[PDB]
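Chain residues, written in single-letter form:
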Amino acid sequence: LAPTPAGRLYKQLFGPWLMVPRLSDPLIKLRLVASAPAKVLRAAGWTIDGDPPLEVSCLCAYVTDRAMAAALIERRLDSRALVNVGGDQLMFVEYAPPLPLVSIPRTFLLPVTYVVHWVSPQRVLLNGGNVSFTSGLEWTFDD
Amino acid sequence: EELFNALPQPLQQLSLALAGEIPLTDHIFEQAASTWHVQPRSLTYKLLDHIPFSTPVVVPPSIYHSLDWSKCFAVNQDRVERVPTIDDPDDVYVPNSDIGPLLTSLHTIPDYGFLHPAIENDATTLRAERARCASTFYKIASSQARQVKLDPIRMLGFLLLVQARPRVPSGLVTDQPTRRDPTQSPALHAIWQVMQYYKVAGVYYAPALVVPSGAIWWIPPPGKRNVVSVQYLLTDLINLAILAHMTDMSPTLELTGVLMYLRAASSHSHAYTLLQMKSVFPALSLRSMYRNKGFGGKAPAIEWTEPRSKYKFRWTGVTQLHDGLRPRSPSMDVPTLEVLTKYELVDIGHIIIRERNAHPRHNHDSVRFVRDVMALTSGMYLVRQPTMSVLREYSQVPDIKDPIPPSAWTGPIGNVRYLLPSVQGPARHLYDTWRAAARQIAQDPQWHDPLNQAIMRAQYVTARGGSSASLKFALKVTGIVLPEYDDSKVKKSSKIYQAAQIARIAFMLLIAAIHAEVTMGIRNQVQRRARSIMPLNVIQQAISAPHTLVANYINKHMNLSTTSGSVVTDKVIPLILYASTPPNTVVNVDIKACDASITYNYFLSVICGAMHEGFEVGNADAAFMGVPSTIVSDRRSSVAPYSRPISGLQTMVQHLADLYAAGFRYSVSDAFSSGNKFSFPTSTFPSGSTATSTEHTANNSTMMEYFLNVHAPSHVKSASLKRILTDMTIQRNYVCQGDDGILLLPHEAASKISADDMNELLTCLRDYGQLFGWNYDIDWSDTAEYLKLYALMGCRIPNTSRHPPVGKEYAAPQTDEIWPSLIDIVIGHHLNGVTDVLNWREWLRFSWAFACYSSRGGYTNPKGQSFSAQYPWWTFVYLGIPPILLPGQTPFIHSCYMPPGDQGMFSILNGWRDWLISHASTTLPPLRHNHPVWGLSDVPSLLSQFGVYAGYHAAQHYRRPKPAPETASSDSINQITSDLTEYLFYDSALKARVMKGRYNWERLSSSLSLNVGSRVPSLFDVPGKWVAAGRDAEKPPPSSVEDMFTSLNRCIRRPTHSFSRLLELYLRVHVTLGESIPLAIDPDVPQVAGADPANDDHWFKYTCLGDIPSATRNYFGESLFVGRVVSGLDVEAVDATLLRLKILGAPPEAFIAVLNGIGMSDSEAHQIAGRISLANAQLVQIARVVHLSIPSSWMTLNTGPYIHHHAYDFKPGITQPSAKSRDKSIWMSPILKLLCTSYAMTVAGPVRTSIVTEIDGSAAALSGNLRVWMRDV
RNA sequence: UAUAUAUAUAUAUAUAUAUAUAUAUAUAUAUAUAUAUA
RNA sequence: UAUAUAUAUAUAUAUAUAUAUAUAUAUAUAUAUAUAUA
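Protein chains in written order, with the entry's author numbering: chain B, 576 to 718; chain A, 2 to 1274.
I should point out that these hints are in silico values taken from the structure, not numbers from a laboratory. We put the CB at the ideal spot given by N, CA and C, even for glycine. Hints may contain errors.
Claimed, not checked - Calculated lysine-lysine pairs in the DSSO-like style (CA-CA distance at most 27 Å, straight line):
1) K678/A with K586/B
2) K1225/A with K493/A
3) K492/A with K299/A
4) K614/B with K753/A
5) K1225/A with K1143/A
6) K493/A with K678/A
To be verified - If we take Cβ atoms under 7 Å as the criterion, some of the chain A residues that face chain B in the derived model are:
7) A75
8) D79
9) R128
10) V212
11) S214
12) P413
13) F625
14) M626
15) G627
Stated by the list, open to error - Counterexamples of contact, computed for chain A against chain B with all Cβ distances above 12 Å:
16) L4
17) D89
18) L127
19) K140
20) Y395
21) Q454
22) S668
23) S680
24) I824
25) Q866
26) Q946
27) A1029
28) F1117
29) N1199
30) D1257
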């Protein structure tokens, strides 16, 4: 097949980051954490404090205008997440409708790679067995 | 027979009626039907107590050894797999486990149970592993039991009822009473023994019960436990018992089948065990019959006419058989016995072989034996977890033994690479072939014709469909806001729905959506793995158009598609018969998995390059199907790269190659498993319907041709083989369709090729396929397997096991159907028993019993009322089931070939005429004023007393509920309509044509006063038909059901005493039967197994007429005037209207308006209209104008010549002159001939000459009334 | 009682098939001997 | 210890010959039953 120049892919991934030092104002972090009901966690033998459902950061993003960023955060992505995690805390994510890059507003900025992780690892007190569950996705701020 | 005494009184009456003791009546018809619906099914098993079995069968207790299910399932990567027990990775089927522990109790029937609500909740909510595994196991186990047209116990009840009493003999000299008898059938005795385990207080609890939502199970007491395999074993036993009786086989063969099933059931994975040793029976019998010394008999002499492309064959006598003609290939005993040793079933082989050795000569007995033994293979629709199925089939990639080196390609053309001229070999052959075809496609003004463009777009829409969700996502992703029409109650996933959304959008905007996910489906099979259905979205289907077009040209212009025109499927019948004759040697071949072996790295890349290059000849700037030309960079020259325009066709290829290289991305969402949907890509070609047969057949033919002409001569060793291998070409030596293929050798001069050379030849072919990764899976056994048809020495062998009496596929956890549909199931069920030649007398008896049970049904509102109804038995007569005994007649005088519909009614009445008239005169007072056909004797009242009218009109009533409309939804209906019309009428010329035609038509029809309200086929109604189909595909609301029951009952209760106008007129004709026609062939020669003097009527019908369709002058009317039409409209409606107009003598402009109403331009409309004439029309072509058609059952017989010159519509010395048709005979005689032959085919026995003897009214009066009716409709 | 026809059984002859034994040839495996190489 | 070659023995498979047993077909004889005639 006709192969493409790899530089274009590199430009798509790293290109935006290279423009960071040229910026004048600081960045603002974001993420689209997905919730996790405590029932299934306890049912799987996990020891967790507090009733509120746990949530896990799937992917972090960056902006700089808080105003429009908040104005764009009200969209409800039509892509569910199929979270799976083993007892060894090896955590995995899957989007039942695939998440396309063009759906990301072009004012955002994504890291080249990212690793899913608990937003607050201290909530859990003991890893029970392996766990799977489904939840919606919601862009949110962070501090 | 004490069993007859055991039956309740209504069933005893029904059995008497079925035996022919008494004429059937609605009264007993209801009593039997009602009582079956009220008594518990276990009583059917209870009946078995009264059979003193005397068969040597023992049911080992090894069956009740449930293997724990917990070790047969696991979840990894969040999907529930099957984790096979044996090291074989294919043991992915239902295990042998005790379902008991997973059961609760029902409140309605406390004895039986269903799944724990706790388990399903936890699997749903908590996604608990063991909960999910249990759920998945329960779902599939239930589904496997559900693969039946109805509950097996009911079928067993049918068999006992018919077999409870011997049928009364008819007066026919060939009416042999049944040789087989009960108390000798191993199957029934086996059922008795195994069922002894399931009784606690002489109650005989059924191991399972099928329901609309699947199947339920009975909670075992603490001592016992129920293994799911037992239920499957019962179904196989019941099915075998029924089949053995109908086929009338020796008990010894049935004994072997019982042992066969028992051994399979004893081990784990009953399905897998059966699947492994599947082909044992055909190999033992069909593949090795005449490998001995005392060979001989008579065989057909079939000749293939010179224009072999036409596939025309001639029967030209018989040939004496002798030892020099006996089959040459080695027998199959050794491998089969070796396999059977594994399952210690060598006794079965010894029994079969010994019995086979009793048929050294080819005759009726030999083939009958072959038919019976081959009918022993299991008829179960096997089903496995779809997840395992998709994971096991698409995980295969072809292995190429000599890949195309990367240095064999030119520079890229943006996506594709052209093939260097210096490269030779099969790939070069393939490249040139596709390139040449692409060139021919390139310049072809056949396309860009707006009508043809309409055909292609319309071809893409059907009621079914898929991948709509992927479509909506992908376009929404690219910012495209599609319309919605939900209020118009039509399924979104329907291909119609997505098509309507697309109508407005500029096509190029949609290009990004072709790289989207495709959903999938699975359809189970009887003797193999389940098939796959992979429906592309409408856009993808549109893009792949060039691939289809080129493939079609390759097929239609090289080997004439090898019958893939599929015009009538019966054209393969004479072909295989000829291929199996002694003078010819035939080899059966088929690609191991053509869908899985076609791929981009080797195959598709070559095709894409050839097509892209082949399209270079043509205007570089010429949009095709809305795809404009574009600029692409050419890099063939490293020193002088540049960019040049390419035509739309090439742009399509550019994207198509990109998609193929990326590989198809499927998304599985199986419902039987629990919460395990996912997506994974594969190179497997979709191959979901006939649209794939074209590509595979083209490549199939190409590789075969290169092998024959180039590879084999250069590589084979035997000089004699070279001598015979040469002078051979595919166009007269090879045919195929998809993977399947047939290769036949040139007639070796009064001799046969050495098996040594055959082995050399077959070996080289295997290696040749291995080169590019095709496993050829060839075999040589001097038999004909093509499209699942079997022929031996010119005699067709119906493989009955592929049509199990009880089995039926169901691809969903729920049956999702309503009661009246069962009737159509019965009708279709009965026809198979006619197509396959069974014992026609006994098959008819069983059929009526099935009908009686189906005749009654009911329904309940989701919360409110119940509803009920049942048909008078005369309905089934109208639907096409012969009556067994009429009052005043003798039983079993009506042949199964009796046509359905009005024709069957007319023929029955015609024979029944005199008795009715005389009897009515004695019984009833005369009617008040004279009748055309009847005297004053008033038979109509008698018919009403028989409820004939009730049945006649009841069968006319529809059987599926109708969905309701709405006005805001009608805005969506209009929106749906508008867009469908918009999609249909891409241009404006077609819209102008149709509008003009419609306007002229109604103007003419009213002003000329032909009639008003004539629903003439026109394009403006095609979207309406689509909309109705789309709305119909939805699950109806209950109100529609209630309307159906009420309407049906009212139609039943309404007192009417008249048939349709046509049937009323048809009764005016009197037809008589003369002597038998001269025979077609020698009665000694068998042509269809089982159509022998034992099964007399089939044996008569085939012998008199001859099977080979040989319409040398008739052509069976396939020359329809309108060769090119759009989907949705019916050609058979169009020509009927045209002929009707021509008979009515309409002015030419009437034809012009009608033709213009379906898009034909004025010039071609005049051209077509001129062709219309009563002369060139065929008998059936003109007779269809009044819906007189040929029954499907006749499609296997050579009825042409009989209808032509054996059905005398006017014999001078017999007919009354009043019946002389005079000048209108040009269109009257075909009608009379059709009526005559229909009556002749109705009666049993040999075919006799049919003669019109009298019409009560003058023939002129008949013609006049017909013209009136023709004008009315 | 006799004749003729049909069916079943038994005996004898002939043909065909299968099984078992023995002989001869060929192939494969294992053991032993001899030669050669390591 | 291993590999290769040759000889001998044993086992298994295939072919041919001979013997025995069993099954099937055909012919002849005898017995029994049923039908028809005398």
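Which numbered hints turn out to be false for this structure?
Numbers 1, 2, 3, 4, 7, 10, 11, 13, 14, 15, 18, 22, 23 - these are the hints that the structure violates, sorted from lowest upward.
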